[PDB]
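Peer 1: Could you put together the complete structure from these sequences and hints?
Protein chains: 2
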Amino acid sequence: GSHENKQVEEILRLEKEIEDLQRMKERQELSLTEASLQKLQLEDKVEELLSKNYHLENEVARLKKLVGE
Amino acid sequence: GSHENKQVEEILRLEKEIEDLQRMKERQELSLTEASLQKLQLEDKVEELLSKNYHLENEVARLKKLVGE
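For the record, the sequence lines run as chains B and A.
Count along the first sequence starting at 1, add 880, and that's the number in the deposited numbering.
Count along the second sequence starting at 1, add 880, and that's the number in the deposited numbering.
No lab work stands behind these hints, which were simulated from the structure alone.
Just to be clear, a hint being listed does not mean it is correct.
Where chains are identical, the list cannot tell them apart; a pair therefore holds if satisfied intra-copy or between any two copies.
[Unchecked claim] Below, in silico cross-link-like pairs of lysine-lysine (BS3-like), each with a Cα-Cα straight-line distance of 25 Å or less: (1) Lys896 x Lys919; (2) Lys919 x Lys905; (3) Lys905 x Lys932.
Peer 2: In structure tokens form, the structure reads like this:
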């Protein structure tokens, strides 16, 4: 068992640990990107549903008035 | 069974169905609000972790050079 193994082994540990942290930072950044994209997707769904809801809202709202709003 | 029940019953159905759609629109809007808030939370975690990672990055990076970068 060479003594230098300590230095080689020491760095090896740092690479493994650092690599883990590096991925954690990158993974989080990816989540933010996906989060933003997900939000836009909701806008599309909400936009269409909101528009449709409004159309029906007028239809039902009109009928509601007959009974008593 | 009064005939008018049809009108009363008709509106009742509309209120239940419309109410469901109304909540769906509001629920989605809430999701967007929470989504944005969640993103900021990630910034705080990433910001701190990123800063700490950088500090360690210099420490380990410096050591890596001794072995061979």
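Peer 1: If a hint holds in the structure, say so; if it does not, say that too.
Peer 2: These are the hints, each one checked on the structure:
For a Cα distance limit of 25 Å, the shortest separation of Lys896 from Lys919 qualifies neither inside one copy, at 35 Å, nor across copies, at 28 Å. When the C-alpha separation of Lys919 and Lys905 is checked against a cutoff of 25 Å, the pair qualifies both within a copy, at 22 Å, and between copies, at 14 Å. For a Cα distance limit of 25 Å, the shortest separation of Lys905 from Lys932 across copies, 11 Å, qualifies, whereas the shortest one inside one copy, 41 Å, does not.
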